[PDB]
Amino acid sequence: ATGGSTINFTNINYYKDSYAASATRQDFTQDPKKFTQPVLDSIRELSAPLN
Amino acid sequence: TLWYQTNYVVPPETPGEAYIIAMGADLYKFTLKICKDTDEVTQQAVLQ
Amino acid sequence: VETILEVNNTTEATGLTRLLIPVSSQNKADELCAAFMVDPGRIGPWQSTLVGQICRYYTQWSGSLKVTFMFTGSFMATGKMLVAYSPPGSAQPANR
Amino acid sequence: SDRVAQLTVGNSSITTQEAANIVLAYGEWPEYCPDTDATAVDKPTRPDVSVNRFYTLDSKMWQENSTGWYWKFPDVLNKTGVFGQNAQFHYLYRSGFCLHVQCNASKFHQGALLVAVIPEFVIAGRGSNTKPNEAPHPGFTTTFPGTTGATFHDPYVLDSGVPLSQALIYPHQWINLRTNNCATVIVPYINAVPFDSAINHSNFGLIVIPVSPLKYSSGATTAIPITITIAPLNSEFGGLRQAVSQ
Amino acid sequence: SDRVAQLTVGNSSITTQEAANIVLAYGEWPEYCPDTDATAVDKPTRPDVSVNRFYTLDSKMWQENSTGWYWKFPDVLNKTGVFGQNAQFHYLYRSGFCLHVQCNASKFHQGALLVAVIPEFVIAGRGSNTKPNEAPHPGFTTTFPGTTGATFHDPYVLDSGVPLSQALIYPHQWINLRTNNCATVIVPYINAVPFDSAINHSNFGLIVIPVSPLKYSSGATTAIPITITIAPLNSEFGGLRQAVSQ
Amino acid sequence: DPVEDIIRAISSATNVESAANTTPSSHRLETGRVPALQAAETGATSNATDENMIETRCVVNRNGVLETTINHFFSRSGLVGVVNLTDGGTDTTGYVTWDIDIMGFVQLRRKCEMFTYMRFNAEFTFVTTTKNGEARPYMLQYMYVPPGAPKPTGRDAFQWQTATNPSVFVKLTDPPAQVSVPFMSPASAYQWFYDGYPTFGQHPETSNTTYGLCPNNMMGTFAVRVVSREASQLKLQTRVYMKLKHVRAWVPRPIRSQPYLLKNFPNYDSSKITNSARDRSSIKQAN
Amino acid sequence: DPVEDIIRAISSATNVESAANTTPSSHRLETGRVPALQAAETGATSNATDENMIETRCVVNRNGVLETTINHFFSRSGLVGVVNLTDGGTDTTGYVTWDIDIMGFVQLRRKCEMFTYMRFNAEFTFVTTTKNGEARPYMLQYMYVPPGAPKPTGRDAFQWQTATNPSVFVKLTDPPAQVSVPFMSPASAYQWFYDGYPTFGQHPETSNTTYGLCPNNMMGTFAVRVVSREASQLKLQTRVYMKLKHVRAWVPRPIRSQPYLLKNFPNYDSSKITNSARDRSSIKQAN
Amino acid sequence: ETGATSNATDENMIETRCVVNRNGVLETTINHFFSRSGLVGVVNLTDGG
Ligand SMILES: CCCCCCCCCCCCC/C=C/[C@H](O)[C@H](N)CO
Ligand SMILES: CCCCCCCCCCCCC/C=C/[C@H](O)[C@H](N)CO
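Residue numbers (the entry's author numbering), protein chains in the order written: chain A, 19 to 69; chain B, 193 to 240; chain C, 49 to 144; chain D, 10 to 255; chain E, 10 to 255; chain F, 2 to 8, 18 to 297; chain G, 2 to 8, 18 to 297; chain H, 51 to 99.
No wet-lab data here; the hints were simulated from the structure.
Every residue gets a Cβ at the ideal spot worked out from N, C-alpha and C, and that includes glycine.
Possibly wrong hints are sitting among the right ones.
Unchecked claim - Pulled a few chain E residues facing chain F out of the computed Cβ check, cut under 8 Å: (1) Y41; (2) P43; (3) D44.
Stated by the list, open to error - In silico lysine to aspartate or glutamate, EDC-like type, Cα no more than 20 Å apart, as pairs: (4) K273(G) with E123(G); (5) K245(G) with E144(G); (6) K52(D) with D2(G); (7) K76(C) with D67(D); (8) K255(G) with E133(G); (9) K76(C) with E73(D); (10) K245(F) with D101(F); (11) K88(E) with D205(E); (12) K52(D) with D57(E); (13) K140(E) with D111(G); (14) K88(D) with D57(D); (15) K253(F) with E77(F); (16) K245(F) with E144(F); (17) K140(D) with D109(F); (18) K52(E) with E5(F); (19) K121(G) with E133(G); (20) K225(B) with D45(A); (21) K140(D) with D279(F); (22) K52(D) with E40(D); (23) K224(D) with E73(D); (24) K282(F) with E143(D); (25) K221(B) with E61(H); (26) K141(G) with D184(G); (27) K245(G) with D166(G); (28) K114(C) with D60(H); (29) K88(D) with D78(C); (30) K52(E) with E61(H); (31) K52(E) with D60(H); (32) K273(F) with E143(D); (33) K52(E) with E40(E); (34) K51(A) with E51(H); (35) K140(D) with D111(F); (36) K76(C) with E209(B); (37) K282(G) with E143(E); (38) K224(D) with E205(B); (39) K181(F) with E240(F); (40) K221(B) with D87(C).
Full structure from sequences and hints, please.
Take a look at the structure:
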């Protein structure tokens, strides 16, 4: 945290093109549930999977 | 370690042995830092 | 994602039987079966797991691992096992 | 939603896919000693997760001539883990238990096991001597078997001179190899005093007996063990001193 | 209302009629690990009164040639009491300490003792060898003396290569035989990690040194001991496993 | 705040003043509802009832349930002991002590041993007669000698001054003496079964004579004399009857089928075990 | 409810932007109030001040206190290492690795060792020259090889592909390279003193080479080469200067008076101990 | 056999404490993982004799 009044500037671009710029803007998005649990019928952690 | 709690008990006429398959993964708590280059790969000459 | 720990990684394990843990009816009760170190970025059965490859591009790791065991028997095969985890310390436990 | 159970105590946990409910002895849960019942003034110690957890003894193997086994509690645990250490440094012990017994076999096997919990379980000398001098008594290794368990000479009279058929008064369960592979009983602290010495006195014994013998047709698995896993719910210790194993 | 003190911890208590205040190292009290600083997920154990209490080592006897002694903490306590047992069955230890040193003599005696608390106290090989191969190192029995304590070969440089005169940066006190017969320091848990292994790592050493030597005119008492009594304030343990003494 | 992890019985009671009634029940033809099938592997008894097994009528049941309570079951006097006071010619002690153990006589012993823990009061009656039977007009002394108290050494010895010990003075021609006794256990209940040893130390594997002997049951000694100077020539027995009252009981246990041998020990014959039920000719003939 | 027994720092912070002022104080003639007498046996320093010892004037003190903070004290670049890259004729490796330990050079080592625990960032500058001194126009590669990463086996070996490892490409004629480095310790602070062993097991009493070596300080290796195919004939040193910034420090400890010997060990001479203060002719002559 | 990974967690397997976890997750994104320069090719220009 901290960094009071550090006036950061990075993403400013000197060219008319978008791909000339510098990464990132980051991303915090995740969706593990599509790779880890890609099943039709949802299964709870309490219940046994197969009944 | 993986120990026998009781025993692998099987009726007559059935195979006398089986196989466990083990798998591994991470939980929501898992993280990493200071990215580097792996040790598994080796190269000698430029791939043609 | 769960991928397959290669616990039988030893020699004379042929090609694909390296992934299997043999279970049969014992004689002396209270027997050991298989053992592996927990370090996912270390040489051993974790070297074949996806999580073992990605933690190997990084210098450090933190978190909880998970180890899933799937028994392929006949429907008629029954049994119980004890899957134990011992934090750092004296070497591999000698007894159950 | 019945036959599948999981029990989690401490850093240990137990799963069973084949189970018949759970018995709660005398309709009570284990609990800490209330201020009104307590007597000793000093402050008890309560380790919680380091003591309360599942310990697993060695397995007793199961034969056609087997007459059945018994253990004593806390005695089986006095040498093991942090529970065994606290009970040696303290003069005053209190707690309950959760008892779990694993025996499995295959749909071609058969038999039944009586699992009971006997408060104040007193073994008995075997002999015709009516003089308290010449009359025989059991040895310490018999009265308090330890981890290794003991065996019945006369399982019918329960070695105490009392019929097995009426053992169903105690909190019990059966392992019937066609029905369930485990028996679980949750025992409260029972005693005529709030605290006692874990070393000198065992609250209750556990009993596994073949009412109906093991049978299997040739070619099936001959080796059946009986494993025991017990956890000390709600433990307290008082009267701290040096270590005494007995 | 100053020179008379009583300290009560657990079932143990300490009285002193001659005392110079009390030192609270770095202005903090011992405390349990906050949820924000903690890392390990499992639940720690907190015995309270069974671990936290005054343990008393043997007494070091006090002579004219004595160069001074040191101990390591928790190491001195790893074999004693219920504190020694918990530290063997757990991989993760945290706590503070309360240190108390008793040396008394009579109004015709004289001397002074420097009592300090040194975080991360590293002993040092003694020799002129500049090659890390041929260079000497101290033995395990030296690095971690145990209950029996160790002694200084060079008390002036504190065996670490550092001048004794600047030891007054650490939390300290003096026993000046004309003024006070005890020195008491209350040490918080200090370390760069919240938990650690009591067996592999000692947080801090204790140091008793004769800056001014003992003198008494003939006919008075020649035998002066130095006794040490230490209590583990606010203890936690985690990572329960089998027992490891080292 | 900084560390968070730091921050009953299913069964209930009901008054029953009479035996249970019976409601009318008709037949059932349908699936899914099965009162008969039980599973005893859960240790619980079958809850199936009269009314779901057959078709029943209505029965208002005024049979009384009252006589079977532990108060009425255990409040009766029965013999806990017998004391033989010679006092006659030849070798003459002049008094007899009886340590108080009510396990010495089987008939009242088997009722108590249905239970592990008991807390009660007591009513003791002392019926004393002569050798064959009779009552002469001799004065008697029944003295209670609690643990730690001096036992009397002679007929006239000073321990009979009883400035503290309770005593009863009675003539053989008087109706039998009687007193009420409290619950004197230093624990919270009497216990007839103690699995354990009274003290620490190393226990012999060959012969353990201290196994199973609870300290909490040691109530002291009962001692008799004939109040007199010289001696009498008579010989008398005192029979001791204990009634239990205000009694509470805990943790029921099975009833003993084997013959008793010793007072303080449940020793039975490893040979010779007697079956709990008599034997018939075949399992297919009920009679 | 049923079991009841189940149911800070004195020092504070103040901003100081300048040296302390001095208030006027007159004499004192009276008993009971004694600023001079101290007792050091409590481990606390004398709190006596200018103004209670003598008579003082008033001094407004605008001397600055700022330059002595741990930020300004520790933010300077000083040499942490030297790396010798032959690359020349005869036996030629073609590269040199330097394990990163800043304890190798005494002058910056003694400043750090005033403290037990330190958490900081870093600014590394790489000044490379030739054997005597010069700069030619050769391209260089400075690569960081973190723990567990493959170390390069040759001048041209594949580990220089650096698809992941950070690397710096620079010409000897360019101004010295410079980068910022974070706090990479797997613990929460660096520690220059570790009393303890990294692993369990039985420790030799004869020679303990593992005593005092903290694992948490192992940062990997720094490796140099000359980017090229055949080889150069030059021979060059790279000097490595580390600046500390954003630094925090804990638990101050005494400053080392004895000569250092080894990087990783505080070994000193049992013979030959040098006194901390030079010796004069007599204690009675100040000069 | 459903191809889905075990959803069991720390907290239902054992008894746990409370851990506020400020470890950063950021460095492992595909942007930071793949933004580094590494050698894709080498070109040999003789031009000599
Ligand atoms: C005036 C004479 C009065 C006699 C009073 C005697 C009262 C003694 C208390 C009786 C309470 C029950 C006896 C104790 C139980 C069993 O005997 C124990 N097994 C003894 O070992
Ligand atoms: C492009 C090249 C960049 C080089 C980056 C190297 C950064 C390494 C981290 C330096 C942090 C301080 C070093 C650690 C402290 C002491 O050396 C320890 N005693 C090591 O044993």
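These are the hints, each one checked on the structure:
1. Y41: 5 Å, holds
2. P43: Check passed: Cβ of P43(E) comes within 4 Å of chain F, closer than 8 Å.
3. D44: 6 Å, holds
4. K273(G) with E123(G): Holds. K273(G) to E123(G) sits at ~12 Å (cutoff 20 Å).
5. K245(G) with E144(G): Distance ~11 Å between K245(G) and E144(G) Cα, so the pair holds.
6. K52(D) with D2(G): Since the Cα atoms of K52(D) and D2(G) sit roughly 16 Å apart, the hinted pair holds (cutoff 20 Å).
7. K76(C) with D67(D): Within the cut-off at roughly 11 Å; holds.
8. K255(G) with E133(G): 8 Å, holds
9. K76(C) with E73(D): 18 Å, holds
10. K245(F) with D101(F): Holds. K245(F) to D101(F) sits at ~12 Å (cutoff 20 Å).
11. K88(E) with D205(E): Between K88(E) and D205(E) the Cα gap is close to 17 Å, so the pair holds against 20 Å.
12. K52(D) with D57(E): OK: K52(D) and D57(E) at ~10 Å, within 20 Å.
13. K140(E) with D111(G): Distance of about 17 Å is within 20 Å: holds.
14. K88(D) with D57(D): 18 Å, holds
15. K253(F) with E77(F): Holds, at roughly 16 Å.
16. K245(F) with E144(F): Since the Cα atoms of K245(F) and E144(F) sit roughly 11 Å apart, the hinted pair holds (cutoff 20 Å).
17. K140(D) with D109(F): With a Cα-Cα distance of about 17 Å, the restraint between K140(D) and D109(F) holds, given a limit of 20 Å.
18. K52(E) with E5(F): Given that 20 Å is the threshold and the Cα spacing comes to 11 Å, the pair holds.
19. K121(G) with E133(G): It holds: about 17 Å lies between the C-alpha atoms, which stays within 20 Å.
20. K225(B) with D45(A): Given that 20 Å is the threshold and the Cα spacing comes to 17 Å, the pair holds.
21. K140(D) with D279(F): Distance of about 13 Å is within 20 Å: holds.
22. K52(D) with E40(D): 16 Å, holds
23. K224(D) with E73(D): Since the Cα atoms of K224(D) and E73(D) sit roughly 7 Å apart, the hinted pair holds (cutoff 20 Å).
24. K282(F) with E143(D): It holds: about 19 Å lies between the C-alpha atoms, which stays within 20 Å.
25. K221(B) with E61(H): 12 Å, holds
26. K141(G) with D184(G): Roughly 17 Å between the alpha carbons, so the hint for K141(G) and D184(G) holds.
27. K245(G) with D166(G): Holds, because 18 Å separates the two Cα atoms, which is no more than 20 Å.
28. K114(C) with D60(H): Answer holds: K114(C) to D60(H) is near 9 Å, not above 20 Å.
29. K88(D) with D78(C): 19 Å, holds
30. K52(E) with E61(H): The hint holds at about 10 Å.
31. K52(E) with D60(H): 11 Å, holds
32. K273(F) with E143(D): 14 Å, holds
33. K52(E) with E40(E): With Cα atoms ~16 Å apart, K52(E) and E40(E) stay inside 20 Å; holds.
34. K51(A) with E51(H): 17 Å, holds
35. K140(D) with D111(F): Given that 20 Å is the threshold and the Cα spacing comes to 17 Å, the pair holds.
36. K76(C) with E209(B): 16 Å, holds
37. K282(G) with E143(E): Cα-Cα ~19 Å, so holds.
38. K224(D) with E205(B): Status holds; Cα separation ~16 Å.
39. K181(F) with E240(F): 18 Å, holds
40. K221(B) with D87(C): Holds, because 16 Å separates the two Cα atoms, which is no more than 20 Å.
When the structure is compared with the earlier hints, no violation turns up for any of them.
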